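Student: Here's the letter readout for the chains.
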Amino acid sequence: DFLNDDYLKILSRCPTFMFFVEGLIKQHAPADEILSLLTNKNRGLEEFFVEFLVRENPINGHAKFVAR
Amino acid sequence: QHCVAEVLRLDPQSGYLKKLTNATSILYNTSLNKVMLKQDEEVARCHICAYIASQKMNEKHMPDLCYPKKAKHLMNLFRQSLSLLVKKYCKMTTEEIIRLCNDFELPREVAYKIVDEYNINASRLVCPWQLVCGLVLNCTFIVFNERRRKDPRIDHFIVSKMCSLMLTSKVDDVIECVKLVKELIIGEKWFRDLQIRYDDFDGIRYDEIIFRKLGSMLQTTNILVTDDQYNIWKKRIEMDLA
Amino acid sequence: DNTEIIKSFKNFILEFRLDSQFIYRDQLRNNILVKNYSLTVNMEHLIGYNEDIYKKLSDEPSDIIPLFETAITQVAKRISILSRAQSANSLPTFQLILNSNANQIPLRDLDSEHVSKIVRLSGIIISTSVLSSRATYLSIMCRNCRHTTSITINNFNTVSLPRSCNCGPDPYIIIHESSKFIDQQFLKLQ
Ligand SMILES: [Zn+2]
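Chains as they are written, first to last, in full-length UniProt numbering: chain D, 344 to 411; chain E, 7 to 19, 26 to 79, 88 to 102, 271 to 430; chain Y, 23 to 110, 130 to 198, 204 to 211, 235 to 259.
If you're looking for bench data, these hints aren't it; they were derived computationally from the structure. From the three backbone atoms N, C-alpha and C, an ideal C-beta is built for every residue, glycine too. Just to be clear, a hint being listed does not mean it is correct.
[Stated by the list, open to error] Residues from chain Y that face chain E, not an exhaustive set, calculated with beta carbons under 7 Å:
| no. | residue |
| --- | --- |
| 1 | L36 |
| 2 | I101 |
| 3 | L104 |
[As the list claims (entries may be wrong)] No farther apart than 30 Å at their CA atoms in a straight line, the calculated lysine-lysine pairs in the DSSO-like style are these:
| no. | chain 1 | residue 1 | chain 2 | residue 2 |
| --- | --- | --- | --- | --- |
| 4 | Y | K32 | Y | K77 |
| 5 | E | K423 | D | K369 |
| 6 | E | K358 | E | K377 |
| 7 | E | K422 | E | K349 |
| 8 | D | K384 | E | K423 |
| 9 | E | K423 | Y | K78 |
| 10 | E | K31 | E | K72 |
| 11 | D | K352 | Y | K29 |
| 12 | E | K31 | E | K50 |
| 13 | D | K369 | E | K50 |
| 14 | E | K338 | Y | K158 |
| 15 | E | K422 | Y | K99 |
| 16 | E | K31 | E | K275 |
| 17 | Y | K78 | Y | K99 |
| 18 | Y | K77 | E | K423 |
| 19 | E | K423 | D | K352 |
| 20 | E | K301 | E | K276 |
| 21 | Y | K32 | D | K369 |
| 22 | D | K369 | Y | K99 |
| 23 | E | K349 | Y | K29 |
| 24 | E | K422 | Y | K249 |
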């Protein structure tokens with residue numbers, strides 16, 4: 344709930360996020376979802392934040408069930 | 007007069029400049045007045061003109077003035101009218285290594301410093317190509333950190349340049365050429381002056397590294413990117429429509 | 023430096039606008055559908071936008087022009103692929138075109154000053170001589186080495207063939246059927 348704008352700014356400079364961005368720039372000549380989600384509207388941004396934040400990082404659970 | 011001042015102020019490459033332009037003027041004058049001095053292409057006609065005008069005023073300097089067949093002819097004619273490191277025990281000069289340093293368009297002050305280094309400590313040697321190689325490399329890495337800090341495509345081009353300027357396919361010897369001079373030249377006040385000037389300190393700034401190494405977490409390892417970067421990266425996708 | 027000027031120029035391409043509508047951007051987008059490989063330009067439109075190119079294109083134009091050509095080709099190359107990604130290998134330099142109305146100076150008031158600069162003028166036409174051709178890209182094989190190479194020329198429709211790649238001097242034949250050319254004419258005025 345306390346996800347402030349300055350936090351939203353700095354997380355933008357995730358360079359991997361720029362990789363993802365440009366990968367979709369060249370995957371799609373149109374530019375509709377990126378304007379749907381990007382900092383030009385921060386709602387979709389923070390939405391994506393929690394969306395990709397929740398994930399498992401399956402590497403670690405993989406190491407776990409590998410140990411298993 | 008343009009061309010006169012050009013060739014006259016070509017000598018560097026108080027009373028001197030003045031008296032020498034006057035000298036060349038009345039010299040060229042005397043030489044062209046009479047019908048005695050002809051078939052002298054103006055291609056070259058302001059050079060031993062300048063040398064004898066050096067000879068005239070007060071002090072003259074044989075070196076760095078004449079710097088050839090007809091040079092002597094016209095002189096008399098006017099004067100009457102009036271790999272690299274396997275090679276063992278090589279030899280070098282002032283201007284040989286001025287060339288090998290001026291190939292990077294580096295300044296002349298750094299070159300004079302390497303020259304002083306040589307002519308004092310070119311005594312106990314095996315091969316000076318190594319020493320001067322390492323020297324000018326550790327001039328480049330210290331002065332060229334900016335362009336390299338933003339362009340890692342440089343470090344391959346530069347080492348490739350000096351790899352073939354001295355004709356080798358193997359290069360780790362060059363790596364040694366750098367680190368050994370760095371072991372050697374490590375602690376002289378002039379080297380010090382250059383390091384405070386152009387600010388490498390292993391290629392990293394002072395106000396950063398001291399917190400890198402004293403024991404801190406505020407140390408800024410810039411994995412993240414700066415704000416102006418994004419401020420200008422945004423324009424690339426602004427016009428993404430096209 | 024030159025790339026500073028290149029960017030000062032290429033911003034004028036897509037970051038210029040008047041009467042609240044892009045002009046040259048969509049002009050190019052049209053011209054490429056036309057398969058034209060050129061444009062139209064005004065130079066009046068560049069004076070307010072930027073003074074970093076005018077005073078130097080004036081007195082050193084040929085030094086600056088093929089730069090613009092290459093900038094143009096650069097813009098083309100992105101937009102070509104982007105529009106292929108949108109809907110639906131060989132993209133040469135685009136002739137640039139421009140005009141002006143600042144003034145007109147006559148042949149009589151010329152001199153041997155302001156030579157190699159750019160001048161404006163009036164007159165009347167005579168000639169329609171012939172479509173004389175020049176080259177732009179022409180392949181070369183050596184007669185002994187059988188050593189293929191290639192050459193391309195840019196603006197002057204400076205150098206000649208290579209004098210040596235024993236084969237001796239003049240070792241090169243010019244191939245035509247995989248060579249390229251362009252046209253010009255010799256146009257008069259009075
Ligand atoms: Zn040949």
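Student: If a hint holds in the structure, say so; if it does not, say that too.
Tutor: Structure-based check of all given hints:
1. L36: holds, 6 Å
2. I101: Since the shortest Cβ distance to chain E is 5 Å, the answer is holds.
3. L104: With Cβ-Cβ at 6 Å, under 7 Å, it holds.
4. Y:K32 <-> Y:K77: holds, 17 Å
5. E:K423 <-> D:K369: The given pair, whose Cα atoms are some 16 Å apart, holds under the 30 Å limit.
6. E:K358 <-> E:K377: violated, 34 Å
7. E:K422 <-> E:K349: The given pair, whose Cα atoms are some 36 Å apart, is violated under the 30 Å limit.
8. D:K384 <-> E:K423: Cα-Cα ~17 Å, so holds.
9. E:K423 <-> Y:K78: holds, 27 Å
10. E:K31 <-> E:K72: Holds - the C-alpha atoms of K72 of chain E and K31 of chain E are around 13 Å apart, at most 30 Å.
11. D:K352 <-> Y:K29: This hinted pair holds, its Cα atoms lying about 28 Å apart.
12. E:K31 <-> E:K50: holds, 26 Å
13. D:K369 <-> E:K50: Violated. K369 of chain D to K50 of chain E sits at ~73 Å, over the 30 Å cutoff.
14. E:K338 <-> Y:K158: It is violated: about 38 Å lies between the C-alpha atoms, which goes past 30 Å.
15. E:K422 <-> Y:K99: Measuring from Cα to Cα gives roughly 20 Å; hence the hint holds.
16. E:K31 <-> E:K275: violated, 48 Å
17. Y:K78 <-> Y:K99: holds, 27 Å
18. Y:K77 <-> E:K423: holds, 28 Å
19. E:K423 <-> D:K352: The given pair, whose Cα atoms are some 17 Å apart, holds under the 30 Å limit.
20. E:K301 <-> E:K276: holds, 24 Å
21. Y:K32 <-> D:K369: It holds: about 22 Å lies between the C-alpha atoms, which stays within 30 Å.
22. D:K369 <-> Y:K99: With Cα atoms ~14 Å apart, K369 of chain D and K99 of chain Y stay inside 30 Å; holds.
23. E:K349 <-> Y:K29: holds, 29 Å
24. E:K422 <-> Y:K249: violated, 41 Å
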